[PDB]
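For chain A, the structure is supplied; the task is to place chain B on it using the hints.
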Amino acid sequence: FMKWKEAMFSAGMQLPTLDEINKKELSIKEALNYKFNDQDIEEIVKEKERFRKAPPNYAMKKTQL
Amino acid sequence: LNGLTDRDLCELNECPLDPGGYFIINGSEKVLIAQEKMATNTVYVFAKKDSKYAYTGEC
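From first to last, the protein sequence lines are chains A and B.
Each residue of the first sequence is one higher than the one before, counting from 452 in UniProt numbering.
Each residue of the second sequence is one higher than the one before, counting from 240 in UniProt numbering.
Next up, chain B with everything else stripped away, as it sits in the complex:
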């Protein structure tokens, strides 16, 4: 359905309002949740006090 007309979408038993962008595995609509983490290649500096180090630069 890459850039298909609403006509063909309806003919194919689909609607043009479906945002799409979800997989169909074993007949179920699967959606991937965007996971977040710390940005790589950046040097952070923390001051964990519950340890032996006063300051810590992480990369």
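Extracted from the complex, chain A is given alone in its bound form:
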């Protein structure tokens, strides 16, 4: 913590504000309990399968067909 404070003071970047941190920490909280009602599951599965190879594992017959 002291090292980060010294680095910030040396770089000149103004340290964040306490109220800023307090209002930003709620972002993760409200995003965790976000209902997946929109059409994001499709994009999620697409981005996953983009890198996840197909054969694995119980869908070999489906892939062959």
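By construction, these hints were calculated from the structure, which means they are not laboratory data.
Accuracy of the hints is not assured; some may be wrong.
Derived contacts from chain B toward chain A, CB cut-off under 10 Å, selection only [stated by the list, open to error]:
1) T244
2) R246
3) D247
4) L248
5) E250
6) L251
7) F262
8) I263
Note that the Cβ used here is the ideal one computed from N, Cα and C, for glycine as well.
For chain B alone, coordinates are given in the frame of chain A:
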């Protein structure tokens, strides 16, 4: 599953012993019973006695 290997049949949660040849309507396995009738284009001859005709040829 037209001529598919037992491997793929098992991978697809099916067995190679299933005779198949049955429809799947609304999730239920439907099978058609073979109905029989009189052969068409053939001339039969009957002698119905409880009528006014002695003999009758049907086609």
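Hint check results:
{"no.": "1", "hint": "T244", "in the structure": "holds (9 Å)"}
{"no.": "2", "hint": "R246", "in the structure": "holds (8 Å)"}
{"no.": "3", "hint": "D247", "in the structure": "holds (4 Å)"}
{"no.": "4", "hint": "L248", "in the structure": "holds (8 Å)"}
{"no.": "5", "hint": "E250", "in the structure": "holds (4 Å)"}
{"no.": "6", "hint": "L251", "in the structure": "holds (5 Å)"}
{"no.": "7", "hint": "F262", "in the structure": "violated (20 Å)"}
{"no.": "8", "hint": "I263", "in the structure": "violated (17 Å)"}
Hint violations for this structure: numbers 7, 8, all remaining hints satisfied.
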